[PDB]
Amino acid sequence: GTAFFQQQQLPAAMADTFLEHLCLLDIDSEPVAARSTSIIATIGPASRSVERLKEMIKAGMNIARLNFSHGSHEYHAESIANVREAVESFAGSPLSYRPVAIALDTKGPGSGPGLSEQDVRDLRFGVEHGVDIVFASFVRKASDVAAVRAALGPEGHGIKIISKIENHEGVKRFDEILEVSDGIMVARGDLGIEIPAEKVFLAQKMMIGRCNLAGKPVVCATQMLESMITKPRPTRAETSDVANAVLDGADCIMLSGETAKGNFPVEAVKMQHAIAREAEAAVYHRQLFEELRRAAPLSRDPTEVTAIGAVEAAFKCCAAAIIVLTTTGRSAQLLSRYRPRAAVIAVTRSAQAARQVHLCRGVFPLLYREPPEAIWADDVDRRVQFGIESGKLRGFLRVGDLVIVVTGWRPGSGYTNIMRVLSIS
């Protein structure tokens, strides 16, 4: 239909140049797709009430951040329990249940060179309480990431380490840090004090670009909607900053004081949600996909090979979604690195992977709870049908849509190799 091609900035998406793409942006072209940039909300006095956390989950919060710079272990354990109670209050309806990751933001090394003793204790607290992510403060070199990894012990092997770049050394040693990290956070607060304030945008745009190239998650953080701590609406610079972080290529956007201590935690989440949807439709996918494809090296890994085939197939038919079965989240992450316009619906039995895939843009995790079928092929199909039924319920899919389905040839992680074109019935 003609109405379909007027929505989600589709006239601007078919432009032959970036300049004509900008000229074709339409304030009346309403976003159609689900919001793909994850929202991280920092927990605190303003957002710990189980009833308030349910409202923030409904507003769009995907990751709950625990700032270990404030509060005791007892306070953070209560935070975790309240988060989990609000999240599990929706588990009764599996087709609409939203997983929410728990991220521990460390205090940092302070005037020291290595892992502080408080960080060692907080990291072990995280492992004991099953946190999904660590936002490691003031990472300056690859050895800092190794020390965080060592402090998590043998039972914290699955925890994702997102390195916070907050100073000149972190920016200069970026490549070595990214190589050993699961992802990066552009921690603009400290970075804006450590380097000239007028240079932060260069560091942000560089790090987002390099993470997009590496296929690793990147978070844009601090003062995104700062004025919303006290005011019900943000400034023009604030909405622009959120939209530009999304247009830059950020996988996640973050709220600090806006959700931890402010008077508008639910409204700050709703504002980030509304801006991110508008900004994602305004992404010039033609140039982005082409540049991601050209820059990505050749690969002999069947997961990586299937992912680019599926993203290409998804673009060819305007697929509403790419449904992928995943154990660790990796197959969904490899689909995500090519920035498809189609939503990546990731079906998994791992509650931890379902939480952690929120770090990857455009990945919508679905927690599958059923015990395995006796016939593996039937078990794979029930999970694909679960993705279709959830997608229909959530508005991602309709009858007649085309979907790309990504599976593997055998059980277990690391064997994704099949891409199938499916029509929604």
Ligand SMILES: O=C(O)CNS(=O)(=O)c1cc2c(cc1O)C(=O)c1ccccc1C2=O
Contents of the next structure:
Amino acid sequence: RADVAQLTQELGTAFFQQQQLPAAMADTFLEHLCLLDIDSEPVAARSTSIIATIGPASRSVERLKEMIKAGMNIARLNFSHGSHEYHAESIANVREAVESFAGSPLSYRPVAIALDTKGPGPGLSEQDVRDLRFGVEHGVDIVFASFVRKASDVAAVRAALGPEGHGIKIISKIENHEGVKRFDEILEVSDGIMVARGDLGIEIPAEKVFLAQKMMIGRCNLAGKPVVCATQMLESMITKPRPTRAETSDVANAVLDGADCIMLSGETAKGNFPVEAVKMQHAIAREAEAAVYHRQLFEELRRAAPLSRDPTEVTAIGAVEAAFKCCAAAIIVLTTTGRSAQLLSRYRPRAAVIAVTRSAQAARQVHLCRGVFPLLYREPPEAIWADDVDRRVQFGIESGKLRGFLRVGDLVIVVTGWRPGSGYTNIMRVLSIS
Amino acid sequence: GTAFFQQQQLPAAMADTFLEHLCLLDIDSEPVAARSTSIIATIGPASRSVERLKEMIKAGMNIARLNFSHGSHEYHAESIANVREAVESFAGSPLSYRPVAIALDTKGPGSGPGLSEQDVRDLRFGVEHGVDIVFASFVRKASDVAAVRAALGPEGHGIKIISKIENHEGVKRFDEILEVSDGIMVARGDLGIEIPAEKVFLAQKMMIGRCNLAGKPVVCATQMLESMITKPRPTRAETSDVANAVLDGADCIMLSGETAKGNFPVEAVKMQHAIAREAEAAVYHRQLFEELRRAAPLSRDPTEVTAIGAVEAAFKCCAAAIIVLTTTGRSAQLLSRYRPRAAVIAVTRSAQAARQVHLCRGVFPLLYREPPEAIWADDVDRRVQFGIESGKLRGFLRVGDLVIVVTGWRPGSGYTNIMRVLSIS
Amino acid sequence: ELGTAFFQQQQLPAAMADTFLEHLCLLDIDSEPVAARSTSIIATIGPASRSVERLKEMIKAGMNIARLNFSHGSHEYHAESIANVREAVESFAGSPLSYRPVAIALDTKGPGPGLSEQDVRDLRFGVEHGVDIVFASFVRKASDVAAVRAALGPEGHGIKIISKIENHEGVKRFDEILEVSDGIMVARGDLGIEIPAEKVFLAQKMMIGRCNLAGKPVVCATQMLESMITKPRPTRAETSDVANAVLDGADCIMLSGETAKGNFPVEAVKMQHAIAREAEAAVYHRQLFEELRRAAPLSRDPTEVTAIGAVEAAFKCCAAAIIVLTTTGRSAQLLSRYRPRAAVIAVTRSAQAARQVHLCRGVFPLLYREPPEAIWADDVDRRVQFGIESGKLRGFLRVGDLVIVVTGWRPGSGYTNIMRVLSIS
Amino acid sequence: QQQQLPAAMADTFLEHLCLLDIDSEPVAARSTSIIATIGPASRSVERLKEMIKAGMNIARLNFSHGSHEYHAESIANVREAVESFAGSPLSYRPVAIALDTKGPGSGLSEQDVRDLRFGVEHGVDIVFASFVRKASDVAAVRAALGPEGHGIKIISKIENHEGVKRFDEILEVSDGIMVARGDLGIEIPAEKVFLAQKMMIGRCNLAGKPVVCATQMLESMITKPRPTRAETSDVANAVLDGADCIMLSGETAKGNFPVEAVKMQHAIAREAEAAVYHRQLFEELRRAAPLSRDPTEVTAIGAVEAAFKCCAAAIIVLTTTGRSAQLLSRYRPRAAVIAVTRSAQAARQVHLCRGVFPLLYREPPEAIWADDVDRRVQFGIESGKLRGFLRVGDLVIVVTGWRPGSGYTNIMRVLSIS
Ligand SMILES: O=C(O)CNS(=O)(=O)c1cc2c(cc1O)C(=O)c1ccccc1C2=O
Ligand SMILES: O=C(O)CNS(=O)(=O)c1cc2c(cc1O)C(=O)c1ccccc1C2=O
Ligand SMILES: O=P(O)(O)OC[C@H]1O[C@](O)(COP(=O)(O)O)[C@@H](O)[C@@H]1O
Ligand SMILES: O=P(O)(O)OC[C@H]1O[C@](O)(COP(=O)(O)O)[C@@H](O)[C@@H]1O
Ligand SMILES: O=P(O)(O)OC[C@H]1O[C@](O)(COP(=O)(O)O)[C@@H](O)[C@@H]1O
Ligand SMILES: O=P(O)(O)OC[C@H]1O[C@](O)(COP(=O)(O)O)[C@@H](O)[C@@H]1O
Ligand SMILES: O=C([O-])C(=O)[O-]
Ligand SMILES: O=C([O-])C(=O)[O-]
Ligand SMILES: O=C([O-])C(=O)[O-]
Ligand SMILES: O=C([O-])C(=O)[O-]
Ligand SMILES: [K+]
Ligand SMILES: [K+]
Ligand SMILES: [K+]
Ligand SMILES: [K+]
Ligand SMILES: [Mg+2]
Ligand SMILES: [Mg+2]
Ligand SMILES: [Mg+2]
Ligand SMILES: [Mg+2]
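Right, the form solved without the ligand is done; let's see the coordinates for the form solved in complex with the ligand.
Time for the whole complex; same chain goes first.
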């Protein structure tokens, strides 16, 4: 009460009733559950990304525009089906639908393109090598590598991407007992992980999949690397317009577990309700994110994270701590590769991480990190570097004010570096919105 | 031994943080403990055969639900008789006999304001046929619970009333409903139509948490393994839903169409049994017990005081079980509210209490049938010995195990006050 | 119930705090201590406190252990002091409200390498005169304790050896010394000369913490109320020092020159009594009990398992006392290690155990000398009732209070396995 | 490792105590300020120079004794001794001057009005107001300091039952508190003073306001060269309780060993500060501190969190009034708070806040404000290196503002030394 009394007088009682704030202020996890309220509405923008598998039900440019508006952040192309010609047309339709909103920063919404490989079916397959080369040639952002069983499998995928695919992210799919057992070595060499529950549920007893999902999500959260929860999340929506009680619960629990992304497979690739499936995941993720017990989560991420002498890492924890202290509406970060936004995201701030970048690939790939909202800055550089920096911060403060994220009177945390180029983030500023 | 500490997610249970607890979960760590979350199976055309109900009892069914929204009193009386016939077909082996509670799920009020006239007739049918529990549909306020209690009359004083929360009013008036109810059912089917579907998980977790705090049974119900009505295996979302209901703190999990009308009634029970054992081992008891202790108020009731001392003692020695003598089941319920990892073996002479304690997680009822000894202390020991012998036969106990024994100072209900540390011989 | 006034006394608002910082903020000078003083006072007996009349005044002021410093005087001098202590103690054997057992402790002169020749003669004197405790000077390694143990000859294996840590070697080899000792004395006088004076507080807090972890008695000694050797009131630093030794976790606090040679021996005892009562109420039991619990390893010893269950039960109902039957004092010691707020009333037939349990904080001994009953269960009930009657007589209990009773299942030492919740009638 | 780092890494307070090591040496600079009462035993300029070297940070003038002429000579001798080290600006130590009032005796007395006026005329930094028993007593002292004494700090002395009972209202209107144990131990039972001390220290820590522990801390050292075991324990426990300052009264004013008493408090405080269980302390201070929309308050918590993440050697903060350094100090960082200020009064007063090391900036301004700021930050680094706080390769947190003037702190920077 006294630790929120002056902020309650300032922001009002109605502010503290929304986005499960009474449940977030609880002293125990049990009290946190007791304080969850169906009448407490989510205010924050949805932070868990939705990956939609693109197929016959979601191929058209008009349908893809509907899915972008519904919340799709990553388009998945399953190379276990179709052909190179089929997937190239899908890629072109996604890019056409994405560029139909390029007229403004207030309307632009980047969509990453992910290639899900067919898999080994011994080691790296010959069609996997051909498909990975297709991905490099078509400019894919992410590879969902099927049946990764050891660290050498991810090294083989990296080698097959060649020197031109150095920027592509490799998300290793854990689909069998070997992948689960060798998880630490796979995560160490991967950019992220996908909990591929379809095959995992056949390879290990179905009643043990939840243990593997929660363990992998927890370790990925500890490592600060993206983790995707996949397969049968809203399965019944392939034929029905509404999901089952188990399905909405599953989506909410994947977000509560700590998943950075949630996925739709047949629900969007072949189902009768692809847009509705995206809308449903969007709705559940917004509710589940507000119900996250940040008080224990942030304390545990701080206690578990080792000490660091990397200024980006040090600035990120100071910025997230500052954002929680004032209930900052957003954390605006300037990033080239997306790394500074990723280091902010690993501490799970409630404040939106608005990442301003000049890299179109980084803007698409940061969708893998929960709570990161990418803004592609296209303006030519200013003669004075410090003015160019300030212009990019103001671009985020304007796009944020104008897209609801921010309001006059709000506090924002601004994360920048001391010199140009990747790797120099070391400054945190507290700014009041006017 | 080292192998003991690698099983039942003991490395994950020893973790200092919840995050480290999740990281330490092991798919190769096998569950050793008996399944403690009760399975309620709805009876219907797919599960009325005496021989099919015997298979469901062996699979793990603990409570048989009679849905009074379907069928006549004649139909429900036959369900009751077939359940009792299947249950009594195992009474020849008293150390391995499993009591099965009978629950009457009411039709509800409909466009009505309170207790319907059909509900009054069905509630009286339940009292006349000896039902143990009432799952009262669409409870919206405390006066709805009082009307159900009044309709049960003086002969139904022992029947438990589990209020079903199925709409926004029930969720908003939850505290007053829980106060006058014996427990709650999160009726997700109607709740998911009455409130936005994407909010049901918030209502489920809130109600389970409050019930855990109150020490009253909470049931998670509807569509848990829905696809198993026609398919032999459930979806990844369904197994996750069952596991998460157990992790949330549900005392009971339910099957509706999966057992009443589906093609896999036995397999649906076996699947819930398998998931619940895995999920119970993954419970982070270190935080859970500390939070239940911190939140529970001080008490001057000896049953309540003995229960917390016994659960604390069970954790200190990794007791295989807590054997409790109970008349009404209340001493077992007060042990269960602290969520011990040790099984609560409840020895009772009341067949109704033996059936009703299935509402409390981790309570394993043993119905004692022997005629009393003339010396009271000798009769209490004979029942404790019966608890140990059944525990050994069922795999709960072995020679060398430590067990906590909970008894009272005089006969009759309400006098539990002793906790003793016992070594199994 | 208990009333609002009950919850304002003995720093109960500060004890209910969720953080240690909030606990400090809630400390109230107007919140009066209700509980009996639980930290024992050791008074050094010398010229200023040698007379039978003066010793009677010191017993009334709160002296629990009489220390005889064998660094001064002779065997003849100390034998007269022992006889005067026993005479003063027995002058209250008619009044059950005034009778209090007083332990007799021999503080050795000290070492050279191994045990000194004078220490062998003095330890032999202690065995012949029936001393209860040995404060072994300058213990530096485990072999020093073994030498004292061997010197305690065939008739003295029951005497307790409290090793005095007085130098850098004793501090560095602390774990091996504590392992073989019955307890520790933080001998700050020599320690403050052997190591830098500004480091003594680190050694005191470390040794007290480790002793609390081990469940072994720890004494805080030297210059606690030094100025009271010549002045009737202590300094602000002295009262703070006594209070902080109690807050650190000391089982005993000591007076040296303050009682042996000073002008105000009775007043020094009265002052330590007054400060310890205040400091014990200010102990943050919520964190302390949770940390003692979390740090203590799992145990398969029924005495250790019963002790934690009993202390948990005592906290749950705000038990007025924990009555324990003990022949060696071990069951009372295992209760004391969990630092209950309830008084541990130890009923024993052993006069030596009754004197030695003063080393354990919160243990209030009662020597029982009635002839044994033919039925053991009746003999147990008679001693439990003796503990309740003495409790009512001394102010610990009233009709309507709840107590926790700790007994075992069969006679003789080592079988404590029972905890009962009893209502005072 | 050094500075009780194994004990600081412990998961419980019990294991923290068990891990305390007498062989683990303190590395960090002493954070708890020492207030020494100046009198006949510590009046000479030569004696005062030795007390400054021993660790004296605040000179207390007890207006219950002596005269205005006597105390004016003491003030002049303190200033003379302090300025005798001004030739080396990177290692010069500011010393605050505090006036302890006589008190009301049998409201604000007429002698107190004259003494408070003396303090304003002589430029004192702090007032230790005797026998404060309600918020209106603080207001009367504030009024008696007139318009020329707006910048003096008022530390209310709690010396009786009424002051203890009305503590919250007194702390609300005061700059800080002094636990005046001498009178408090006569006004309330002696065995209850420790409860009042620990309660007041805790509440002051919560409020982020300075708290002084005073009277009889090393009493025996008035006549003996070494203190008793109870005295060293008392000093260590006042620091462990959370006191920002510790005081010497008769030990320095009339005692045979004034320099040794200061040296002893310095030695004990360094040991006690290393034994502080920061893991629990920071988590409790952070949890208890309310949410804030003030950028100085928000930057302060972000900076302390960042300092703990990298084991920052120091937090260099630019301050005009000392407020930005005070807001850093309230979170009890292990990193030294090096406060670079151009105000000489702020530099002296900032000794009331634990862990704040004031550096008086006596360098000429740079034309560009961004450059003036960078030279004040380089000044902090250079003094830190010279005084042993910093080494090349160390990480520091730099707390600066967006525009000049008090109240605009909003920037935290992670900087690598050289
Ligand atoms: O992993 C699985 O096997 C199932 N799930 S899916 O990846 O979402 C999926 C992908 C696809 C199609 C359906 C479908 O459900 C499809 O009809 C199709 C038809 C023609 C070409 C490609 C596809 C194609 O890639
Ligand atoms: O040495 C320490 O550790 C502390 N000193 S003490 O043990 O409290 C102490 C004991 C004694 C006397 C004084 C005194 O201070 C005494 O005068 C005396 C006179 C004649 C015979 C015995 C004593 C005797 O035992
Ligand atoms: O997040 P990354 O990839 O490390 O890049 C962050 C970088 O962006 C900046 O804020 C601005 O740099 P640029 O001028 O290269 O865009 C740098 O100061 C910082 O090093
Ligand atoms: O849990 P309940 O219903 O309160 O029953 C516990 C009761 O059972 C007993 O242990 C045994 O009593 P009975 O001999 O009547 O079965 C009583 O001492 C105790 O009061
Ligand atoms: O603390 P100790 O020395 O183990 O004594 C406890 C013993 O006292 C008893 O409670 C009673 O024993 P006695 O009848 O022999 O005195 C035993 O059952 C128990 O083992
Ligand atoms: O501690 P204070 O009193 O708030 O002052 C800190 C001030 O120091 C600055 O960093 C620089 O101070 P100057 O006015 O001396 O340039 C300001 O931007 C900031 O407001
Ligand atoms: O391979 C997959 O994507 C799966 O099994 O879910
Ligand atoms: O009544 C039920 O079981 C429901 O609505 O879910
Ligand atoms: O003997 C003692 O007590 C000492 O040396 O402190
Ligand atoms: O003036 C003081 O400091 C006191 O009275 O304690
Ligand atoms: K695939
Ligand atoms: K029904
Ligand atoms: K001695
Ligand atoms: K004064
Ligand atoms: Mg697959
Ligand atoms: Mg329904
Ligand atoms: Mg000695
Ligand atoms: Mg005074």
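Rigid core here is just the name for the largest C-alpha set that superposes within 1.5 Å across the two forms. Positions refer to the first chain, counted from 1.
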When only the core is superposed, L393 shows a C-alpha shift between the two forms in angstrom of 2.0
